[PDB]
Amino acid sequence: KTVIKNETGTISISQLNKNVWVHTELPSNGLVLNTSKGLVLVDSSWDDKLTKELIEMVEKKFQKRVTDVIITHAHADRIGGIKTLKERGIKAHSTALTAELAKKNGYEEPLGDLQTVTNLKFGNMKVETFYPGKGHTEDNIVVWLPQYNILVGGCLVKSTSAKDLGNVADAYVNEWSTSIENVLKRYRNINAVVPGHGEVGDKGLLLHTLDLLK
């Protein structure tokens, strides 16, 4: 479907549906939500330079401002553009634990507003955030779009192409399987799963992650 790159192959957006796009930067993924009240991102990018470019590209294309970003854990591939978000007046949502960890690691703090289950609405776009337990990190959350049954797995969920768990320095490899099971129990009918890195898939990516954990 419709894929749009910037100058350089450095940032790509691919349309999942009318109002939901996957953003990918050099490879890390997030979402762009085109809502009636502005653009919402699920995750920004690796660093401030790429976060500024991502925002500029989507603002120009969709002809609306980025208003909000949901930060899925406190690692750099995720927290790295926080300075840019804060100085532009972009609301950076996170769990309290993610914010705690950001501060501990010398980053500016996201809002720490998200609970275990938080339901947000941006214009007409419904967003649910869910902390399923520890896995890739202590703090990792997933994001669910109930109008589309699209799950953003973040780094909790590995792509088909991933043949191992990647960076486990901050991981909880026992608890990770229970956390994925918690996702599977909460969201029994899934149309698409967006991994942290790699190609979009379906529930099979969760089962793949379970197998990688054995």
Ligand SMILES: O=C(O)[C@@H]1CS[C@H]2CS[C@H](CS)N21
Given for the second form:
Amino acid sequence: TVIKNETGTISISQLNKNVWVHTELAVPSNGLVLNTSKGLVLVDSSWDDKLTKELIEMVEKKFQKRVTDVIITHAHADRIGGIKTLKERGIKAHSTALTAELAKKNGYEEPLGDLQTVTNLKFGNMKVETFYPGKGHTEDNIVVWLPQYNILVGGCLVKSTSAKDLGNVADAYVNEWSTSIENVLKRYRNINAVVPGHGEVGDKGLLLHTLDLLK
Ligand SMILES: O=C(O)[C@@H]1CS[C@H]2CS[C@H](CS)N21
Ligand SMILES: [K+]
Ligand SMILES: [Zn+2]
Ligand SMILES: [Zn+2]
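Switch from the form solved without this ligand to the form solved in complex with this ligand and print that structure.
To see the whole picture, the full complex is given below, headed by that same chain.
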């Protein structure tokens, strides 16, 4: 189930053979780790370089292969904070153009801007779809879908059950957010699990929960 770095800093818990969640801390942030035959792939980095370096260290050691790619889901620090570490180790950082621009705007190094509204990738082995459903928690927020496992990384668009309000809405679009959630509920009709950007893993109800927090 759950391995852990020396300090409290970091944890990784399994969902299936090839798919784990990574969580880092005062506030917990989540992403995914995908074990493929061609390398490790992360959905999202972490808060800052130190922690992203530690996360990369822990998964390379444990799975005995390299992190080759990361998918960045939006341009806030918890997503993009370890971008310097990625870029300089030759780790590919995929994102939409929008997310790339917003990163350069907030003074981060740029990810690739290679992702479109729908983009289907494959690593091995592992199939990944990225979907941009519209504006919500940020302007640029995308979700990630694993069709082989019907698994959705909702990111910071999607709130956990324990979450009782919308968090920081300074960069949010609270009218479009409901529509973009629906756009996800429409696109992906059978969901086995949903990973929120912050908090505990759940299912389709996290999305209805978020819908409810927007009323
Ligand atoms: O607005 C939120 O819910 C989250 C968690 S706490 C707050 C500040 S950091 C992170 C950027 S996604 N954000
Ligand atoms: K398949
Ligand atoms: Zn955010
Ligand atoms: Zn976040």
